[PDB]
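Colleague: This is what each chain is made of:
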Amino acid sequence: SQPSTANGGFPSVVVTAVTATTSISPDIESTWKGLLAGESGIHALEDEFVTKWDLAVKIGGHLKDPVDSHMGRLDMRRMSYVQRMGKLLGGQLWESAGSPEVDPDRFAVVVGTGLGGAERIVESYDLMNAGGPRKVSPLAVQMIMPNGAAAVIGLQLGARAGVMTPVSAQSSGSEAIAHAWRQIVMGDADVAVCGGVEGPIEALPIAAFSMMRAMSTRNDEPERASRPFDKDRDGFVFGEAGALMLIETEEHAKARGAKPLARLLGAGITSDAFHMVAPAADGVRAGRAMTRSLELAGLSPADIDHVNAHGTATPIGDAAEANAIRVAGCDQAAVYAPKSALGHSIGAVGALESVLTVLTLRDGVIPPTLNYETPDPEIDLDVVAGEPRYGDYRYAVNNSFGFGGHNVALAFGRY
Amino acid sequence: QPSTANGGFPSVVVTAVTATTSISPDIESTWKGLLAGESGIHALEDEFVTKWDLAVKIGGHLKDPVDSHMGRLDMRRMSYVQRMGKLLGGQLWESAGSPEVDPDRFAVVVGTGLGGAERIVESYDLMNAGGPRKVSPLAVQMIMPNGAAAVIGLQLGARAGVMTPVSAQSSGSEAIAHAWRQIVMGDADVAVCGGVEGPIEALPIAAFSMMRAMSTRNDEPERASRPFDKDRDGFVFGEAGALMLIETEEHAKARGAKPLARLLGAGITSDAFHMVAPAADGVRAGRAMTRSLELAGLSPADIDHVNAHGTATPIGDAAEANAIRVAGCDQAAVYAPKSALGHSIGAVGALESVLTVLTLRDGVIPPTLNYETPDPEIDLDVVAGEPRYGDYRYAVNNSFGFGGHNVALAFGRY
Ligand SMILES: CCCCCCCCCCCCCCCC(=O)O[C@H](COC(=O)CCCCCCCC[C@H](C)CCCCCCCC)COP(=O)(O)O
Ligand SMILES: CCCCCCCCCCCCCCCC(=O)O[C@H](COC(=O)CCCCCCCC[C@H](C)CCCCCCCC)COP(=O)(O)O
Ligand SMILES: C=C/C(C)=C/[C@@]1(C)SC(=O)C(CCC)=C1O
Ligand SMILES: C=C/C(C)=C/[C@@]1(C)SC(=O)C(CCC)=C1O
Ligand SMILES: [K+]
Ligand SMILES: [K+]
Numbered sequence: 002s003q004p005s006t007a008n009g010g011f012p013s014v015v016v017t018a019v020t021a022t023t024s025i026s027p028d029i030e031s032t033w034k035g036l037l038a039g040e041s042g043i044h045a046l047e048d049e050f051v052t053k054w055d056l057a058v059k060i061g062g063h064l065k066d067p068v069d070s071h072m073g074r075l076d077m078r079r080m081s082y083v084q085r086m087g088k089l090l091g092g093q094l095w096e097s098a099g100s101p102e103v104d105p106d107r108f109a110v111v112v113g114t115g116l117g118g119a120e121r122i123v124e125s126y127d128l129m130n131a132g133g134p135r136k137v138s139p140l141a142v143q144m145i146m147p148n149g150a151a152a153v154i155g156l157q158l159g160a161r162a163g164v165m166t167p168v169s170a171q172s173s174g175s176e177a178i179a180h181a182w183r184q185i186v187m188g189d190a191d192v193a194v195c196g197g198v199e200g201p202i203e204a205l206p207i208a209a210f211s212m213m214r215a216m217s218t219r220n221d222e223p224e225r226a227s228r229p230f231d232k233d234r235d236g237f238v239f240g241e242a243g244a245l246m247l248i249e250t251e252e253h254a255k256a257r258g259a260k261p262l263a264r265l266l267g268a269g270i271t272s273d274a275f276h277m278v279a280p281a282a283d284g285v286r287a288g289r290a291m292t293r294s295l296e297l298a299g300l301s302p303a304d305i306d307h308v309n310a311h312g313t314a315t316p317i318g319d320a321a322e323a324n325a326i327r328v329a330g331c332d333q334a335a336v337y338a339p340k341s342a343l344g345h346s347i348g349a350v351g352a353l354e355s356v357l358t359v360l361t362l363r364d365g366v367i368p369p370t371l372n373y374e375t376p377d378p379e380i381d382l383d384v385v386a387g388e389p390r391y392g393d394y395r396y397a398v399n400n401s402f403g404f405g406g407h408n409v410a411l412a413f414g415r416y
Numbered sequence: 003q004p005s006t007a008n009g010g011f012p013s014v015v016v017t018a019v020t021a022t023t024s025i026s027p028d029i030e031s032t033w034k035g036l037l038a039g040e041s042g043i044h045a046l047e048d049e050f051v052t053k054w055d056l057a058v059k060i061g062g063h064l065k066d067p068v069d070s071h072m073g074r075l076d077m078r079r080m081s082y083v084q085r086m087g088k089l090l091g092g093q094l095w096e097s098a099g100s101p102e103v104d105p106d107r108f109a110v111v112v113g114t115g116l117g118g119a120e121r122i123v124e125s126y127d128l129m130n131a132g133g134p135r136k137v138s139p140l141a142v143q144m145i146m147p148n149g150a151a152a153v154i155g156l157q158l159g160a161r162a163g164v165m166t167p168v169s170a171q172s173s174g175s176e177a178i179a180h181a182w183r184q185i186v187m188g189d190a191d192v193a194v195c196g197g198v199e200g201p202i203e204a205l206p207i208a209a210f211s212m213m214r215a216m217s218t219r220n221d222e223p224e225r226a227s228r229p230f231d232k233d234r235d236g237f238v239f240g241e242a243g244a245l246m247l248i249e250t251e252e253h254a255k256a257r258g259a260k261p262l263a264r265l266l267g268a269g270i271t272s273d274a275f276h277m278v279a280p281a282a283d284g285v286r287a288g289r290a291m292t293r294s295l296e297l298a299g300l301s302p303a304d305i306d307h308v309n310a311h312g313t314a315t316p317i318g319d320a321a322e323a324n325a326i327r328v329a330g331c332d333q334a335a336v337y338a339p340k341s342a343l344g345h346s347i348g349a350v351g352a353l354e355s356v357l358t359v360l361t362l363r364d365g366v367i368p369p370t371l372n373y374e375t376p377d378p379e380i381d382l383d384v385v386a387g388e389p390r391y392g393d394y395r396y397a398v399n400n401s402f403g404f405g406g407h408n409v410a411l412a413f414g415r416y
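Line order of the protein sequences matches chains A and B. The opening position of the first sequence corresponds to residue 2 in the deposited numbering, with each subsequent residue numbered one higher. The opening position of the second sequence corresponds to residue 3 in the deposited numbering, with each subsequent residue numbered one higher.
Be careful, since some hints might not be right.
Said to hold, decoys possible - Some but not every residue of chain B turned toward chain A, in silico, with C-beta under 7 Å:
no.: 1; residue: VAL51
no.: 2; residue: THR52
no.: 3; residue: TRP54
no.: 4; residue: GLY155
no.: 5; residue: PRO167
no.: 6; residue: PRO201
no.: 7; residue: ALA274
To be verified - List time: in silico DSSO-like cross-link candidates among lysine-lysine, alpha-carbon distance up to 30 Å:
no.: 8; chain 1: A; residue 1: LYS136; chain 2: B; residue 2: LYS59
no.: 9; chain 1: A; residue 1: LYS136; chain 2: B; residue 2: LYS136
no.: 10; chain 1: B; residue 1: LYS59; chain 2: B; residue 2: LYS260
no.: 11; chain 1: B; residue 1: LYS34; chain 2: A; residue 2: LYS53
no.: 12; chain 1: A; residue 1: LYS65; chain 2: A; residue 2: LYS53
no.: 13; chain 1: A; residue 1: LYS59; chain 2: A; residue 2: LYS34
Said to hold, decoys possible - Just so you have them, the derived chain B footprint on chain A, three or more residues with Cβ under 8 Å:
no.: 14; region: 199 to 209
no.: 15; region: 247 to 255
Calculated from the structure, these hints are not laboratory results. C-beta: ideal position from N, C-alpha, C; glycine also.
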């Protein structure tokens, strides 16, 4: 008999605080109310760079409340953007958790990102080409390295039981929460800050993904552009975000008087070995990530009330994920695709969506998937649409997938 | 509580290794060269050195450049770390006898410091010159830092997870740690793991040397890298990449693979001290070593050998000596391979894990080069002068990284 959360072979792990910054709001509770009210964070892009380059994509969700409005003079000169976002969210989360005094030697941080401080690579490159090697900042390395945001949070909050950065492109944010769960259940930590951060919409990221022919170009109706699972979808839309949650053993939470929002029960990680940038059509390995999360949780597929889909609104992505949900035996779950409203934040998105999964369990409600108007027969899923779907949801799986063939599924439960 | 010794974790063995280094593309020749006291560190002849008059004019390029093995298409459609990952993954698999494994039980975990960053700057220049439609359609998949691990997973058919842990100079060891976790948690029976890294270039040298941590002993390049020596003056770049194949002992026995060593346990901690200096007290670094022992089921008295991260910076080696004391491992024989091979950043912990395996397999530790004046603050048994033979049974490989990351791996003789 394998250990599971249900059989007590793993310790119970609970989510005790959440924080996120999104295109709708810097306040996760206001993001959540806005989603439930059918709001979209997607807008016409007004940036100069759009007109400068005449970009084919002219839509996206910038953060409602820009990170750098909270940054001091020295932060702007000593950290890359994902580090600044990490420091902002790290401090917000800790305050939301009641600023607890925890044992630093039992406290881990696991934060994913898609790339790291890449703007400082191009900065350094230009500085050196113009003025030679002594023009490169002595801080360049530490601003650039992709583990930089996780390290800044570890330093800020004092985590001494490991600081890790898993990178798996668009599944990085969920993968980080999986590895944090593992670190606790293996006995390496009792409490962990985890999730994901990502850079803002800029011209070069738009250019590179646009050349994969991946992106929606419904520029005339920005809030209608992102249409996961809909027959008429035409690709993904960027929406900025960063998100963190605090997880800890149930015993640890109870000893300090924390009130859990949900339980994090198990995590599955698999890979397709199919193609570098398309998911396997059959959804079999993706489905097996979901199944592995259920095995570690001790659940059956019939237990799962809700799936928070990766749902990017590409034609081949959504079709693969529908197959994966069928493989896992989860296709009678109520499905939400939050990128319909919040867009795609790449290395942060799995973390944001994990936070939304937690709030669905806490509050008994799934927001409507925006723009879901014409069901697609290849996609026979129960996609929540039109108005929120209320229920006493007991268990839910959050899915995230990434270029490279990475599949991550996280199983959460109502507390 | 489970340990390897108590049977609570399955037994995991190392069954193949590959590496490319500044001494040789052939790990067995690297090893022979190390034992004979060879250095891979040379004067750098690159035009970029004189173009920028770099303060640092030494390092070790790969003896056999990755791209001498690469087709025209790969040169345009993979980043350098992807090309290195493809070359090494193919070599490792052939060395392992090209086994037919269950893909759904096979994982890949490969760390790197940065990823396909030359494609970032190239995409930036191409767009600045010609607009957004000049950026390659393959740019994202070449740039993404999971790119090398993903290339190897697709090449070899791994469907039980492809992971890229990033922890700067400890990434290559951290990859092997997480591969070990993936197998003992039951998610895989076999894994390819290790680390790749880019080559020495002008901008990397400028960025590290502006931190003031690099040796500039340009007069005597083979003498420059002096871990634990009293006169050390900073680290030296030495290119590498390394992968190993690990699998359950049951899996290896079933296919007739002869183990090279056992991978017994892994410890990961962090300092929360400074972004680019290790904690002077060595406490959390020593606890990484202690955790690898706890998971192995070993005590510090059992350890014969420590393969030190040993970068040759003044404050780095002092902190590590403290760490080895905190862990109770300071009676062990110490080797600092960066003395001969220099520092390969994201790859280096993987390379040094392969060297730890070979020490255990062959009963010998190479001499730490350039170790001439003991430093009283260090007070370690640094193997030097000639290789040291012995019946080594248990060894710890240490790796640390910017951000305060500490990774220790506990290996045993098979
Ligand atoms: C939801 C969006 C997600 C996008 C994800 C992309 C991930 C990349 C990380 C984003 C980059 C951070 C930028 C933050 C600072 C900032 O904004 O810099 C502006 C001006 O522009 C720049 O410096 C642009 C510099 C670009 C840096 C290189 C980016 C390369 C992108 C690749 C070519 C394509 C994407 C690779 C993704 C790989 C991983 C995921 C699969 C300062 O403005 P000012 O204050 O000077 O007026
Ligand atoms: C042991 C060394 C370790 C170094 C580690 C540094 C990280 C390496 C990053 C990958 C480097 C890949 C380079 C391969 C391409 C190549 O070689 O192309 C040259 C031409 O130059 C270039 O393109 C240089 C391109 C610059 C790339 C950006 C590098 C940014 C470096 C950062 C500012 C500093 C390092 C940050 C490290 C953070 C992570 C670890 C803490 C031949 O051109 P040709 O023969 O075709 O004419
Ligand atoms: C191996 C490839 C995969 C999983 C591709 C996916 C489904 S992941 C992702 O977020 C998107 C939209 C583009 C950012 C894909 O096209
Ligand atoms: C937190 C900082 C740490 C651990 C710094 C170390 C000791 S790790 C490393 O390889 C080097 C040499 C620079 C490549 C350090 O200076
Ligand atoms: K999701
Ligand atoms: K080492």
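Colleague: It remains to establish, for every hint, whether it holds in the given structure.
Modeller: Tested hints:
1. Checking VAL51(B) against chain A by beta carbon gives a least distance of about 10 Å; that is not within 7 Å, so the hint is violated.
2. Interface hint at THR52(B): violated, since its Cβ lies 12 Å from the closest Cβ of chain A, which is beyond the 7 Å cut-off.
3. Proximity of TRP54(B) to chain A holds as hinted, the smallest CB-CB distance being about 5 Å (cut-off 7 Å).
4. For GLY155(B), the interface hint holds, since its Cβ comes within 7 Å of a Cβ in chain A; the closest pair sits about 6 Å apart.
5. About 6 Å separates the beta-carbon of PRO167(B) from the nearest beta-carbon of chain A, less than 7 Å, and the hint is met.
6. For the restraint placing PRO201(B) at the interface with chain A, the shortest Cβ-Cβ distance is roughly 16 Å, beyond the 7 Å limit, so the hint is violated.
7. With a cut of 7 Å, the hint placing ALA274(B) at the interface with chain A holds, because the nearest CB-to-CB distance is about 5 Å.
8. About 18 Å separates the Cα atoms of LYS136(A) and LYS59(B), which keeps this hinted pair within 30 Å; it holds.
9. Only pairs whose Cα atoms come within 30 Å are accepted, and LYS136(A) paired with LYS136(B) is accepted, the gap being roughly 29 Å.
10. As the CA atoms of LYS59(B) and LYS260(B) are separated by approximately 43 Å, the hinted pair breaks the 30 Å bound.
11. Taking the CA atoms of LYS34(B) and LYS53(A), the gap is near 58 Å; set against the 30 Å cutoff, the hint is violated.
12. This hinted pair checks out: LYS65(A) and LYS53(A) have alpha carbons roughly 23 Å apart, not beyond 30 Å.
13. The hinted pair formed by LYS59(A) and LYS34(A) meets the criterion: a straight-line CA distance of about 27 Å does not exceed 30 Å.
14. Closer than 8 Å: that is the beta-carbon criterion, and the region 199 to 209 of chain A has 5 residues meeting it against chain B, so the requirement of 3 holds.
15. Only when three residues or more bring their CB closer than 8 Å to a CB of chain B does the claim for the region 247 to 255 of chain A stand; here the count is 0, and the claim is violated.
In terms of the numbered hints stated before, the structure departs from hints 1, 2, 6, 10, 11 and 15, listed from lowest to highest.
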